[PDB]
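> From just these sequences and the hints, can you work out the full model?
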Amino acid sequence: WXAXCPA
Amino acid sequence: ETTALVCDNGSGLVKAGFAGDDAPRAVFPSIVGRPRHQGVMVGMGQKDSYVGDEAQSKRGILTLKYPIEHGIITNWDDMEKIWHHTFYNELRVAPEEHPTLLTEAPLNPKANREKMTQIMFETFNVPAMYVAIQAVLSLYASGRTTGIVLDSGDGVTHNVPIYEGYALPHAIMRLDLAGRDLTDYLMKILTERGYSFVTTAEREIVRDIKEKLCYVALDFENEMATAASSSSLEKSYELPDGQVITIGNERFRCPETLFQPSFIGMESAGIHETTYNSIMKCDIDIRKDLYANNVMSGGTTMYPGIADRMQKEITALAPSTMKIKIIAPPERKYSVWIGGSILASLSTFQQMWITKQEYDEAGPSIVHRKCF
Amino acid sequence: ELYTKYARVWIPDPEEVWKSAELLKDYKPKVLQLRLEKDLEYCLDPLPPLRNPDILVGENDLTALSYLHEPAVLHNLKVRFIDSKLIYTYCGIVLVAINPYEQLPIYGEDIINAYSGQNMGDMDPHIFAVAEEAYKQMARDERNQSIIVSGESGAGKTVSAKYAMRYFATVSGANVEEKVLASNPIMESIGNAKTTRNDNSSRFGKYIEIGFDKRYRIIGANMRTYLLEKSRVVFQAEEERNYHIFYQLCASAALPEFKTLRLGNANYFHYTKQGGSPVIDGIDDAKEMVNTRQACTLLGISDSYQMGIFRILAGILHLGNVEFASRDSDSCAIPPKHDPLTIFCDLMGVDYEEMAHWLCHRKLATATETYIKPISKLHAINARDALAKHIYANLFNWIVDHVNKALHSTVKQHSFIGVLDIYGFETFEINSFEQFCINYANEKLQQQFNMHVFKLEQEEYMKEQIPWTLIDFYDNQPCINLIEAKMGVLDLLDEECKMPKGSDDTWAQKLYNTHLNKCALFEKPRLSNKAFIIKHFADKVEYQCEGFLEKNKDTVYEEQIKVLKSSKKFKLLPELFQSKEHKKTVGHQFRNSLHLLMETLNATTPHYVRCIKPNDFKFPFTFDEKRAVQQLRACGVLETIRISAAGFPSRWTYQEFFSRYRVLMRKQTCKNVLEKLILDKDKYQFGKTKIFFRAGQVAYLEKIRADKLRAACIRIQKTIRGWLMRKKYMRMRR
Amino acid sequence: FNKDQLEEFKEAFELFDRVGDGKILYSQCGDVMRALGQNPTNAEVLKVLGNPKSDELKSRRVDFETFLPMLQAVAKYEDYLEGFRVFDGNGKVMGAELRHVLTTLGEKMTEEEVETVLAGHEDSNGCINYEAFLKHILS
Ligand SMILES: Nc1ncnc2c1ncn2[C@@H]1O[C@H](COP(=O)(O)OP(=O)(O)NP(=O)(O)O)[C@@H](O)[C@H]1O
Ligand SMILES: Nc1ncnc2c1ncn2[C@@H]1O[C@H](COP(=O)(O)OP(=O)(O)O)[C@@H](O)[C@H]1O
Ligand SMILES: [Mg+2]
Ligand SMILES: [Mg+2]
Ligand SMILES: [Mg+2]
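Residue numbers (this note's numbering), protein chains in the order written: chain A, 1 to 7; chain B, 8 to 379; chain C, 380 to 1113; chain D, 1114 to 1252.
One or more hints might be untrue.
Claimed, not checked - For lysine-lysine, the following DSSO-like pairs were computed, each having C-alpha atoms within a straight-line distance of at most 27 Å: (1) C:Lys-865 x C:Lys-959; (2) C:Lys-1082 x D:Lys-1221; (3) C:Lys-865 x B:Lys-377; (4) D:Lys-1221 x C:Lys-384; (5) C:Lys-384 x C:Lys-842; (6) C:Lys-880 x D:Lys-1166; (7) C:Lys-932 x C:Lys-742; (8) B:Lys-332 x C:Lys-877; (9) B:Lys-319 x B:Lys-332; (10) B:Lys-332 x C:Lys-880; (11) D:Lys-1248 x C:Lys-1087; (12) C:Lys-962 x C:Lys-865; (13) C:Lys-752 x B:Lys-217; (14) C:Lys-909 x C:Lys-865; (15) C:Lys-919 x C:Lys-897; (16) C:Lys-897 x B:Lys-377; (17) D:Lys-1189 x C:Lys-1082; (18) D:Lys-1160 x C:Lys-1107; (19) B:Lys-288 x C:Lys-880; (20) C:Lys-880 x B:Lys-295; (21) B:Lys-319 x C:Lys-752; (22) C:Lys-1087 x D:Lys-1160; (23) C:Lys-1107 x D:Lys-1221; (24) D:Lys-1221 x C:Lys-1087; (25) C:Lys-515 x C:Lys-834; (26) C:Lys-1106 x D:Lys-1189; (27) C:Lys-842 x C:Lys-1069; (28) D:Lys-1189 x C:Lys-1107; (29) C:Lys-865 x C:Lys-823; (30) C:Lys-409 x C:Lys-1082; (31) D:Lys-1166 x C:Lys-1107; (32) B:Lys-219 x C:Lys-742; (33) B:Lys-332 x C:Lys-515; (34) C:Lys-877 x B:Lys-377; (35) C:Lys-384 x D:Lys-1160.
Bear in mind the hints are in silico, worked out from the structure with no lab data behind them.
Shown next as C-alpha cells:
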C-alpha cells in the first residue's frame, strides 16, 4: 500500500 | 455493431470476454515470469518475458511474480504487459474498436483508478471506459437487487450491503485476508509435516493442493479431535514429478483461518463476524432483507462446506426468530464477470461510459466524479 | 364572404358523423341562422366546413374537389357507393376500395379487355387500373413494381390481391393462379387467429412475388412471410383463440389417425384454454381441418409429412400441460411419472429422463469448464413457452418453404411484380404488445408512402418548371425515433428483460423518466401509472404495460434443442432445425423482420391499395359513417387528403379553363385577364401546360361565374321581354 | 311626358282596353311600358305595380292616369352586347343555346315566343349573329 500493509 | 469488452483484473485469474455472452472466453493467471538462468543454447527463440499460461507452463525456469497484490496494482509495466496480452493475444481484437469495462475492489487508493484510466485512454486509445465495483456486479449476476455480498478472490475480501439498488457506503467492510494469503499459511503447516515449498513455482504447486483437497469443517473442534484420532480424513496427492504426499488435518485446518485470522496474526475476526458487523451498521428497517439474502462470490468461497459453516455461525450470532439464507450458486467463481456482462449490455448504461472527449477535457481526475 | 345566403355547410350530429346545412343569411364580420336538409341556431365557438359546389361531387377522384375535408370525402364515398354503386375510388396514387360483401360484374374478362392498354387518365378506377400501371412501369424499366394492400381484417385484402394477379394471368397467360389460390387454406390455418373484433384475422405479412420472363409471360411465384406474431402461440387475451390449426386438430382428435396423439378436447390443454372461447361462430373446425389437408395435398406435401406436422402440433400442446412444482424459490422439479411429459417424450421420440433433466436445469460452459445449475419455476415456465414458440415458428417457416417448392418454378426469373398483404393500423379499448408491434410496422410503411408520394409530386412540379419550394414534406420520423431509436420504447423493453427483478411497474417508470416531457409525441394517461400514450400518424392510442414482459421474453436453452435434434422416431423434427439468435427477444426479432420487409419494398416502386369494411355485422352493400370514419382514419387516407389540401390540390389545362371562362370573360392573355379579374396571384401558379390553384379558388371562380351569369340573365330576359310586351302591344294595335 | 305624348300614349293604352270601361288590366301595363321603349324586369314591373296579388293582377282595372306615374318612374348597347357575348370568339351563338338559355335561365320565357323572335336569325350551322339579333330587338 504505502504505509500499513506491504503493498 | 460494437460490443463492450468486459475485464476483471482480479489477482490470479484474469478473465475477459465480450459483453452479452454467457461466460468469459479468456481466463489465465495474472502472472508474469522472467527467466533467471543463463541460457546456453543459441538461436532459441528466447524472449524477454512470458505472460499467463506461457509462464505457467515454463515456470520451472522462471521467477513468477504477480503485479496485483490485494487489489492494488503494484507494477505498471507488467500490468501493461498483461492487458496487452489480453486484448491482442487472447481476444485478438483491437481496443480502438470497443469500449471497455473494468472491475475493481472498493476502498482502495484513488491513484489506482487514475492510472488505470490514463493507461486505457493513452496507450490503447479505448474509445470509452468505465470502472465498476465487484460486489455490485455480483448482484446483477445473481438476479437480485437486494442483498449483502461477500466477495473474495485472491487478496481483498469485502462485504457490500445493497438495498433496492442503493449502496450503503458506511457499512462497507474490507479485509485483506482471502485467497493468496491462505496459501502462505498452508505452506507453513505443510512444513510442519516435513515438506518444504520455497520458490514461486512451489507456491503454485501448493495452490493446486489448496484447490483440490481443502474443505471447511462444520465444527472445527470435533474434526480436529477426529483426525487426531483417525486416518479417515487423510488424503494423498501426487506432486508434478511423481512423488506422493499425504496430508491430514492440514487440509481442513487451512481454510479454517478465514474464520479465525488470529491463525496468521491479523487482528480482525473472520468473515462471519464482519458480515454480521456489517449488517449491524444498516438501519433496522432493512436488516430482515439483508439477512434474507447473502450472496457469496469469487473463488475463495468455493471450498466445500463454506456456505454451511457460514449459515451455522451467522445463525448463532443473529437473533433467533429469522431466516438466515446463504445464496451460493455453483457458478459463483465467475459471477463478477457475468454481472459485468449483463451491465455493459444494458441500454441505460450507454450514457454512463466515460468518453475520450471528457477525458481530454478533464484529465484523469474525471473518473472520480463520473464513476462511483 | 364565402359565407352568404347561398353557401352550404356541414355540421356534426351523433347519429351520423356529419349533416348538411344551408345558411339562412350570411355571417357578417357570432351565431348562425341555419336550416337543415328545418330550424337551427348553431353555436360558433370563438366556422363550419364549407361544402363544395355540387357540380364537382360524385366522381372518380377525390383530390379534385375544391374544398378537401372529411365530410366531403365521406359524402362522395356515400353517394357513389350507395347510389352509383361504384366501389373503387382514387386519392392521389392510392386506390380505395369499399368491401361490398356482394358480388359484382366488375372483375370480368370483358373488363380486363376494357382496362388493358389504358392509362390512369383514361378510365374510372378499378383494381385492374392499378395492375396495368404496374405492368406499364415494368415495361418501361427493368425496375420491379410492388402492390401493397391494407385494411382491417375482413376488408378483402385477399380478394383484392386475388383479382389483382388474375389480371396478370389473363393479360400474359401460368397455372400459378390456381396454385396460389389453392395455397390459402393452409396459410389461413397456420397463420390466422380469432381476435376480439374479428374472426380469421391475419397476424402476418404475406408477399407473393410474381416473376416474369423477358416476354412478360408469367414464370411462377415465390412466397415470403414476415412479421409473424409469435407470442400468440402461448398467450391469449380474453376472447381470443390460439392459431386456428390447434383447434382444428383438437376437434379432429376422435379420428383414427390422431388416436395415437391422445389429444384431449379443445379446453384440455393449457395453450388452447386461456382465451376462454373454444368455439368460433358458425364454423365446423372438424370440416375445416379436412379442407386444410386437402389443400396441403393439392400442393403436394406428402401424406407422411402431414402426419408429421400433426404429431409436432400435438407435441406443442402436450408440452403445454407440463407442470412444475417448486422445491425452492430458486429451484423446481417435475413431479415424477408426469403424464404430460410422458406423452410428450413418447410423441417426439426422446428420453423422458433427458427432457425431465433439461426442462428443470440449464447449462453453462466456460472455455475449460462447465456447470449444470437449476432454475426457478418462473424461469422454467418461461423456457418451456419459449421452446413452444421456437418450434412453431420453425414449423411455419417449413410449410412456407414447401409451398415455395411447389410454386417456385424451373425457368429463371427476369423481373417481377410483387403483392403484399399487410394488416392496417388498429385500435381497441385494450392495446397490448401485439397491437404495439402492428402499429409500429404501420408507422414505418406510412413513412414510405409519405416519402414516395412527396417525391412523385415534387418531380411533377419540376416537369412543370414550377418553383420547388411551395411543396412541403410531412415528416413522421420523429415518432419512429421514439419507438425504435436507442432509449426508445422497444429499447427499454429489451433492457427490462435483462434487468434483475424487472417488472411492468419499473418498466413504466423507466418510460416516464425517459420520455414523459422530453418529447411531444409521448404522453401519460391522466388517471393511470400503468399505461402510456403514443401520438401516431392517425391517432392517440393507449397501451397497457401489463403484457409486455410476459410476451417479449424469448430465450431457448440450447440443451433443449440439442435434445430434440437427437430424436430418431421421425425425420421431420430434426429436419426443422437448420445461437446468437436464441437470445433475441420477440421485439427485437420483429424489429429485424420489419427491416427485411423495408429492404424488399424500398428497392421497388410501389402502388397502393386501401380496403375499408363499412359495417361490422357484415350486411351486404350497406354503409355506416361510424365504421367508415374510423377505418378511413386507420388507413391514413384522411391524413393524405389534408397533406394534399396543403400544397396545390387543383390544376387546370389552359385552353379548357378558358373554354368556359370566356363565358365570364391563349395562355398569356388569359393569365393576364385572370390577374386583372382576381387577386389569386399568390394562390395560383403557372407552368408548361397548366395553371395550378390552391384550394377554394375554383369555388370562388364559380361564385363569380354565378354572379355574372345571373346578372346577365336578368338583363337578357328584361330586354327580350321588352319586345314580348311590345309584341302584345302591336297585336293590340291590330 | 307632355300633352302630345300623353295623348298618343293614352290612345295606345285605350287600345288595350278589352272591356270598354276605358281601363286596362295590370297585366297589360307591361305591354304599354315596353311598347313605349322601356325594358323593365318582371321584378321592376311588380314593384311599380305594388307587388300585386294574382287576383288583383288578373281582374283589377286601372285607367291611363294611374298607370302613368309607373311608366314615368320606369322610364327615368355595350352591356347588351356583352350579355349576348356570354354565350359566344367569332361573334356567334348557337341557336340551340340561345333558345335553351332564354327558356331555362333567368325569368324563363316560352318556346313559342323564342321561336317567333328567333325565326330567321340563326343560320344553317345553327349559329346566331348576336349583334344583328340584338340590333333587331333594340330597334
Ligand atoms: N370485392 C369483393 N367482392 C366480393 N366479396 C368481397 C370483396 N371484398 C371483400 N369481400 C368479402 O370479404 C370477405 C372475406 O374475404 P377473404 O377472402 O376471406 O379475405 P379477408 O378475410 O377480407 N382478409 P382479411 O382482411 O385479413 O380479413 C368475404 O365475405 C367476401 O365476400
Ligand atoms: N475450486 C476451488 N477451491 C478452492 N479454492 C479455489 C478454487 N478455485 C480457485 N481457488 C482459489 O481462489 C483464488 C482465485 O479466486 P478468484 O475469484 O479467481 O480470484 P479473483 O477474484 O482475483 O479472480 C486462488 O487463490 C485459487 O487458488
Ligand atoms: Mg474477484
Ligand atoms: Mg381473410
Ligand atoms: Mg373471409
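> Compare the structure with the hints numbered earlier in the document and write down the numbers of the violated ones, lowest to highest.
5, 6, 17 and 33
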